[PDB]
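Below sits a lone chain in C-alpha cells, taken as the form solved without its partner chain.
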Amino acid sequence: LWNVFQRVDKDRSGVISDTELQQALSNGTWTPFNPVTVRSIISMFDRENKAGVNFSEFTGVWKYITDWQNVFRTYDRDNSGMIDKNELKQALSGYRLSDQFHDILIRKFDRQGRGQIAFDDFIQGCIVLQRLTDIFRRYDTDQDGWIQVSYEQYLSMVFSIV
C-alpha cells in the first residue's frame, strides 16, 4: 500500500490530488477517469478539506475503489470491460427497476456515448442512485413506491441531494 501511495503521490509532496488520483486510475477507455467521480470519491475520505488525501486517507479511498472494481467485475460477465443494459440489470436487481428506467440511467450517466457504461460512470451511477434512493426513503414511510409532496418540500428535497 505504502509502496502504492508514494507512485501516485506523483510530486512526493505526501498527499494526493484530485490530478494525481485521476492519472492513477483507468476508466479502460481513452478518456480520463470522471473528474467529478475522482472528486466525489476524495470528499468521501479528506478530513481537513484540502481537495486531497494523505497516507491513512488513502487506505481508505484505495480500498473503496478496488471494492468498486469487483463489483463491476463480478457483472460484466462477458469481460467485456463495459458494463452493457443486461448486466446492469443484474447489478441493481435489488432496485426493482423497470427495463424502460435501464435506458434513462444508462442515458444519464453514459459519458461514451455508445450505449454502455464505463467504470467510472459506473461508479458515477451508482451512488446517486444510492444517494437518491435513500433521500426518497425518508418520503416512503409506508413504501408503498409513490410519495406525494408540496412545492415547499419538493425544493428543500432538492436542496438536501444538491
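Numbering follows the first chain given and starts at 1. Rigid core: the largest C-alpha set superposing within 1.5 Å between the two forms. First, how it differs from the form deposited with its partner chain bound.
Relative to the superposed rigid core, the position of the CA of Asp18 differs between these two forms by less than 2 Å. Positional change of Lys63 between these two forms stays under 2 Å at the C-alpha, relative to the superposed core. After superposing the rigid core, the Cα of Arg137 is displaced by 2 Å or more between these two forms.
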Contents of the next structure:
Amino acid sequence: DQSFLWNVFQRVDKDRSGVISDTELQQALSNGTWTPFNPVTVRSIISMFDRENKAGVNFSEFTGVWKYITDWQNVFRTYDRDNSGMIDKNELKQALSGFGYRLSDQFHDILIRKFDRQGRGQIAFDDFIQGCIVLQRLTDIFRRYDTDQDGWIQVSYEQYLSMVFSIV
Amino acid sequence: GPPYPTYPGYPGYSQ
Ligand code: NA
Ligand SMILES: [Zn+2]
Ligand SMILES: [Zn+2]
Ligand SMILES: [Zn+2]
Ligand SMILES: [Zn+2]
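Counterpart to the form solved without its partner chain, namely the form deposited with its partner chain bound:
Next comes the full complex, and the chain you just saw is listed first.
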C-alpha cells in the first residue's frame, strides 16, 4: 500500500522538499505521552534508512521507516501486557528475552536507568526503540570478536580502543 | 548459542 504511504509522506514532508528531515519525522511520531519523540531515536532511524547520506529519507526509504516503526509499535504492545502505555522492568525482561538476549536481572536495571527519559522506572515507546538500537549496535561490535559465538571475547588493548572509538 | 540474537529476533536485525 504505497499509495497510502505516499499520502503519509506528503503530509510528513512539510516543506515539500521530497525528502523527510529529522525534524519533520519527529513531529509525525508519537511516544504515547506529551513529550516530543526522542530526537536521538529519530536521528538513528533516519541514519538506518537513509542510503544517500542526506540527513533524510525519500519516499522509498520512508517505506522502510514506516514498516520499522510499525513493527516496533507491535512489539511494544506485544510486551506491554498490562496496557500501561509504558514498558516495565518485568516487561523489558520478557521483551529482551523474547528477542534472544540472555541477560542478568540487575543488568535490566542498568538498561532502564540508561534509557528511561521519563523517570518512573518504566520505558516509553521512543526510549525503548533507542535502547534496543544501542544494544544492537554494541552487539555488532562484540560479535566481530566473538569468533566461536559463545559470548566471550579475548581482545588486545588496541582492539578494545577501536571498539570504543567506534561507539563513543 | 550466544547470549544475544543471531537471527532476526527484533526489528530490523538486518538493517
Ligand atoms: Na568467543
Ligand atoms: Zn522535507
Ligand atoms: Zn506496561
Ligand atoms: Zn506495567
Ligand atoms: Zn570461545
